[PDB]
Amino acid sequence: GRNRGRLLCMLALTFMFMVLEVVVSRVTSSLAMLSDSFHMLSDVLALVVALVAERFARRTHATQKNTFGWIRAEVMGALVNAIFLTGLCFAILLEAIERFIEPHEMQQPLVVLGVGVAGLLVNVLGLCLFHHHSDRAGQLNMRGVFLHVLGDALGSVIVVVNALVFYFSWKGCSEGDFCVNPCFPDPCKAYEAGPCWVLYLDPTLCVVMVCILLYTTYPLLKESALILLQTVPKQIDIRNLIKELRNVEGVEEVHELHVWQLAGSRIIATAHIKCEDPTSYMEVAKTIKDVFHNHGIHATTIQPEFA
């Protein structure tokens, strides 16, 4: 309820800011604003994926197609959100390089600064909505959206700072009379412009930005992508389980121990444990289940192989 409400609220603000970008571009007759609107549509797609994962995760319930439920679906949502962000971060890095090799002037700096401030306010509102997620499957699913919100919030901050630096320290050649543009090599033409450091302010910061994101993206793409690989949860180690099951009387060996994490705090472990006396099997198995519960594994399947 609360999570879906937050996601729907952020989606609604994202459409509203999309409409704001479109109408502002229409009055100003600018196309890069439309491109930024379509990037906001990419953000809409990320929010939609998060919403799909969050609904479907409620199924739980033993269905015919999935006997476990659909909480792992939420986990997958987190995972896919993380991979879309690694990808958009890599696209930002490739755009930054493309702007290093060819700088781009910013036209109409004031409206760009205003739209950047509006987007910063929207992204800060979204960040406050998603602050609680810096049980777990919910934490991962909300962390994906939180990382997307942090990414486009940092983008808004970069845009605002760049627009301010352009408006305060860039002397353009758009006047049209006796102006030479050293930094931007060919001003499309068949005084001296502003210092060349400003024209590269957008790329460098962007690069720094993606690094930040990549850093903060790495745990999620680590945490979500190891649950679906059925890696043993970090709280659980296999040596202690093996030795404690071997120390239990009535246990000859523990031939095949499989431990994995379904989603969040639901850890599933199945083992085969050899026993000699069928009569003692029930108390041996209850002790084994007690050990599994002691170490935090609550759903188990134990097959006794009488010899």
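Numbering follows the first chain given and starts at 1. Rigid core here is just the name for the largest C-alpha set that superposes within 1.5 Å across the two forms. First, how it differs from the form deposited in another entry.
Superposing the two forms on their core leaves just one of 118, 173, 198, 209 with a Cα displacement of at least 2 Å between these two forms, namely 173. With the core held fixed, the Cα of residue 185 is displaced between these two forms by 2 Å or more.
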Second form
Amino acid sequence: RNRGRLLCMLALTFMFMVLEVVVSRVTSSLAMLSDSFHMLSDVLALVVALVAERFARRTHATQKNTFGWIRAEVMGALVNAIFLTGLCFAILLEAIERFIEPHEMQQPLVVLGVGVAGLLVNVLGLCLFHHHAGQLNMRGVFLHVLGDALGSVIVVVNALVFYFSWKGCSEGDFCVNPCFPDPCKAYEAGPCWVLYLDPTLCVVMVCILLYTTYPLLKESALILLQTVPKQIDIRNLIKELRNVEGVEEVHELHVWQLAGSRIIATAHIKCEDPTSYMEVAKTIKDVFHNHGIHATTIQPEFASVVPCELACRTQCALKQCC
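Cool, the form deposited in one PDB entry is there; where's the form deposited in another entry?
Only one chain is given; partner chains and other molecules are left out.
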């Protein structure tokens, strides 16, 4: 039911975006107009997750992809992780700008209400996405929703502090502080500890998001690159492969995984005599069993002049595998 949760969250994002646009139009606040389009990024993340899930629904050999689209979910997870990292850097740059150029919010009450609505939406999204292969895509979506929830917590706390520990002027009163620039060059009621509360909270949220996102990005990149899974030791596999009767040379051992538990192995063997190859093949498959290998393709090279006899004419092109 992965598609159901994604569709529900996407529908909620649309409803909350429409609510924010309506609130902005009725209150004629341009900041809410600006913030309404900021969830196009979340909508894009949900669309990418949905596309990856839909394309991973099919796993069949095709004239375009022999393996099928099994690697669609890991690609979607990688795309979501990169998008989240880019968003984190963008909001970090925005936080630096806020440090350099502080802003003063308008109507803290409506901002607090919007933040509370967003916080409820985000916490129920976490309730849907806490996971009550395909988990990596769900993990990336959950990380994105958690980043949105942290942003909502930040805006709620910022609005609460600005409403409880700040005092501005509603008219031309004498409270101008030269810390913030004034238009055309224009007291102690409103301290400066609040204007800088939003940027520091944003920086902390950026650090938390990067901390919790780095493992997902690392795993997605390691899957997309042809890396042996961390649960498989190459040295032990080689040791058990050479300790097999009838086989003495094992070259071209390439081990990698497509997605999830679909680990694929490939090796060449010098299997002594041709007639008794079949008995050795079952032992080789069993040996792959003790490890985590299952997809296999073993080449029984028969006959020290050359390591691999079935090699091509010229490999100087480096067009091979390793």
